[PDB]
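Quick setup: one chain, the form deposited in one PDB entry, written in structure tokens, and binding and motion questions come after.
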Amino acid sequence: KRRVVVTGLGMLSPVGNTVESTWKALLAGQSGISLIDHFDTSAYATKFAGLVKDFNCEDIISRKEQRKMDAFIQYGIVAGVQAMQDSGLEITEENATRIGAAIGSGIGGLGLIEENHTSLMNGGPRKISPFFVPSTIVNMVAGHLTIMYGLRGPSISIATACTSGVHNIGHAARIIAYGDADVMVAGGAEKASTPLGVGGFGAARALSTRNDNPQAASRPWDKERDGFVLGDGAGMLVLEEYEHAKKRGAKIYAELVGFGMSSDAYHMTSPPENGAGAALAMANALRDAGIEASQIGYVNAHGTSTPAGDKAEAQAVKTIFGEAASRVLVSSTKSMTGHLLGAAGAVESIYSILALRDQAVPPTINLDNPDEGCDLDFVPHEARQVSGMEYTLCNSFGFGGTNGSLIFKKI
């Protein structure tokens, strides 16, 4: 059986523009949520988000090519280049057909969708930019990255809303293990902090409205939570077959040992209760990895700080872990970064990997008073030092949609 390892990391997040700077900020419990100022939020119920600060990609993407890209495409390219550079992979004509990508997004290029439609309603179809379609669709992050590096292997783009991150990474490993590729760059990217984004998710009453204190708005499992907080960024991983990585002396962060999927079969407006869908995806990932749940040391929860979803996630962890539920460490890094939607599963897989490397667990900040029935060790406030941790679990849950779970093994 072909094993799949992680040989490269790249990331842009509300708390840092590299992998290590983000990892340092999360372990320090630093928030990355601030007030939006790139558009007038006076008429918006939610006026804050997890923004990428000080973003400068001119060294990678020229200004001419940036205009053909929505911000979420620029993010994924930068994070993809970081991961490719971190992998040290040398693409030749011989191995090009064996290298591909699996990069998706949940909502895609809202910014340039808004701009092109505004030109349309103001000046007709002759004002639509010829780059409108390729600047907005979710598959163009992989499209640009394959062209930049000459990748010819299998390339897909999974768009499953808040679970796109783990799905793209998990099916990149499936493509490698099946034999269709030896290397895949996988992850997701998002930039929904736009008028349509903040307004759209705000129309569905999904966003927190704590405009008076944005750094305390994302509080998973806290009794005062009132919805999730939007977050921008991108996470990219270089997945590689084990023997391929060993032959070239690659750096190996962790091994991807398990990937599970499930569907909830109910709308988000219906009660999730015990989160049977979330438990089903975690069980499939454990069965796929062939390990018991008690061997998991840390679980990077979905934990969006929504009232019903957070409680349903704690029940799903109790079902899967049972006796070991009181011992496993669970934490939501969305308390600091916000909800990166399609990229959430991607950046949170990187956190689960770095948790194995450094034997440290990032905290669930703003967890002042847990809800009734939320009596798990959610690592509140400050980061936790661990030892002997071999497996971590990364979850993306739909609670009204699809679910994805990834299990990583140290070395």
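Only residues modelled in both forms are compared. Numbering follows the first chain given and starts at 1. C-alpha atoms forming the largest set that superposes within 1.5 Å between two forms make up the rigid core. Compared with the form deposited in another entry:
The residue that stands out in 120, 308, 268, 203 is 268, the single one whose Cα moves by 2 angstroms or more between these two forms on a rigid core fit.
After superposing the rigid core, the Cα of residue 14 is displaced by less than 2 Å between these two forms. With the core superposed, residue 391 shows a C-alpha displacement below 2 Å between these two forms. At a threshold of 2 Å in C-alpha displacement, with the core superposed and only residues shared by both forms counted, the segments of at least 3 consecutive residues that shift between these two forms are, in sequence order, 268-271, 373-375, 398-400.
Switching forms now, from the form deposited in one PDB entry to the form deposited in another entry, please provide the structure.
Only one chain is given; partner chains and other molecules are left out.
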């Protein structure tokens, strides 16, 4: 009965380039949303996003290698390095084989796809970079990391849109428990704030168009919500077997105890008004942890700031909690951070973990006027302090009706 705990953290987010900075900014309710300026947004209905400010990998990635990797891959490597360093783990010859990676992305290298495609249109197959494939594909973060640290254990990449971070982390954990590994760096990286990403989600009408007030655009569960806001970044956790951790005396942020998956089987984009999909996923994670819905202090919602989306999620929370409806804390850091797509579940598992350490829960900012008959406590504007929270639940409900939920336990 192998148990899995967390002993390493790494992150780049719209509100910070480290774990603690990011975390401090969120408990302070700071918004990471600003107007986009790396491409001309005149024709774009959405002109703002959650960008990573002053990203630097100079000391981490040789500019000779940077040319071979899209921005999402660069974000992922960096957050991966932070996670490995913070872990203290030393990779030995007898170690390698048992240490792996489960890192994905929802969309991958949009930037270098557009670049290479632009080059092919203007100058034919020759303008295409010899690094096109490996610089864009979703599995290249796990690819580069394993090589960088000589990792030789199981290596996978889950690509389930919005649910990627949660899926990757949960399977990295299943892998360990199963016996396939002792250590796994799991998470997701994303950088979809490009013309194709902004115009594409805009073509679907899934995005907020509140350009006058970008920081007020992401407003989950609010009456004036008009779509999600895009966020760039990456979240990485070092997962590891309990005894292998103790035997080495490493910090242990928390324990991963439940993981549940479900499918809506409703529509390619819309969730059921019902929230049936989400319920199942939260329910399976509880059953998996072997606890009840009442034992959960905080739920980091999917809460993307979509009319139909936030309503499905609330409905599901009421459905799985019942009485505990208002007794539980539910918040969406997407209010300050935006939607990190493939990295969303990664960064949010980290908030779910940090919340346990600090007994503090981040707010759902911008929640000026709640919805119709919501009975839930969405930690409305300021961070709430908590007393005896032992378990936290993290939710991701993505495109294609694919849902997941992670449950973390204190110490």
